[PDB]
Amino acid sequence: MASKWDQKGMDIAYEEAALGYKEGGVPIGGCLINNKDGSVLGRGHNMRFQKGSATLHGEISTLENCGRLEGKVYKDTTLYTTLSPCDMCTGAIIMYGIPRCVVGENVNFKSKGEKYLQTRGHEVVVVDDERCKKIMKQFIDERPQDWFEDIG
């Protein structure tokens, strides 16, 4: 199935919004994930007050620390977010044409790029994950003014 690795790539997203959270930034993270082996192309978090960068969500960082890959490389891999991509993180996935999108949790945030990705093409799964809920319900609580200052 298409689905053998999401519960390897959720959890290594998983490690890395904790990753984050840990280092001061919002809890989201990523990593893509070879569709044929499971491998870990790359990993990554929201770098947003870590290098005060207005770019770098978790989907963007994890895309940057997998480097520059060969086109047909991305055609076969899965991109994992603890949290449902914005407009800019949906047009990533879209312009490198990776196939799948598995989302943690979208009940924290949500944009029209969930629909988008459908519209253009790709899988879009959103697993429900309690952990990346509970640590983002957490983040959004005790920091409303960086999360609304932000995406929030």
The other form holds:
Protein chains: 2
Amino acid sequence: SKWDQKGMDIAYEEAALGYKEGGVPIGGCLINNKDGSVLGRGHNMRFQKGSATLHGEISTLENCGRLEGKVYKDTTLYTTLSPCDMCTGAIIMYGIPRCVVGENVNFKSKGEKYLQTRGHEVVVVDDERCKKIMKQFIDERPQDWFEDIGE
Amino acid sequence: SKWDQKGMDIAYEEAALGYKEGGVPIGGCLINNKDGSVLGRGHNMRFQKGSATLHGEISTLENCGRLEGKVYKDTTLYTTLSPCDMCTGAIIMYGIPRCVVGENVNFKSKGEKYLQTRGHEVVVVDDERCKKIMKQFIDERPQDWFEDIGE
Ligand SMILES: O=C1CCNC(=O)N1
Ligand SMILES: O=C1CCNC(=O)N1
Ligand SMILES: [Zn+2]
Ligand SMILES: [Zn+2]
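Just the form deposited without dihydropyrimidine-2,4(1H,3H)-dione so far, so send over the form solved in complex with dihydropyrimidine-2,4(1H,3H)-dione.
Let's see the whole complex now, leading with the same chain.
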């Protein structure tokens, strides 16, 4: 938990950057729990790259590059928004032990609790900066948001 | 199952192509159940693109491009190998109702059963061509395989 302010700050920075670029304002970063080093950071690239899979968490993992499985085992994935079922699956597959979530007010899937069933620790920070930026996007571009969650 | 021969054949062609390129031999395709049209096809791009997220199923969905959510609701995703937790999550997130699996002998995750608990139909075809090519990859390159599944 000692790196949680740092990780959510970086994830929010990515969400804000993505917002400026015209995309969905969701950002993340993967941090090594031991030394606080940032293995990678990213944001949703649906609009930036016409991508159906680069959600913020997925873009973050893609940006960390190829890694041996053991590296993920003592990391925390920070995401400004509670993970959808796909991102939840990614956290589970790599065995990232902790997921720190900015907010789960604008969105939540069954994945937040499935992570816990599968043994991961989930922390919801209830970060207002994250809530404000996602709420704005949802209010202004609802159709774009529904597409991002496959609705 | 009208389009199942068609879809698994395309998925296998993709798996064979990835094998030739030096990557993990897992392929897939997404088909519209109404007319049999192919929305997209792909294969694992871990080696080809140094990607931690492009498993065959994810690369297939990326290749279909941005789509309105309703499109996925009457499709079938063909994958030559039973889906990991991440690819399982993608299927659930987009609401793809049906997943046809080449084989689940060389690998099977908790996702095959999770898909069913979440209401999706899973059909395992037990295709010998898929089993053969994946058994070969695991035998020759065990370390690369463990990396592709976060172990
Ligand atoms: O997983 C979350 C949900 C939706 N979009 C995004 O990028 N991340
Ligand atoms: O989901 C499966 C598991 C492993 N790798 C891959 O590309 N597909
Ligand atoms: Zn997601
Ligand atoms: Zn997978």
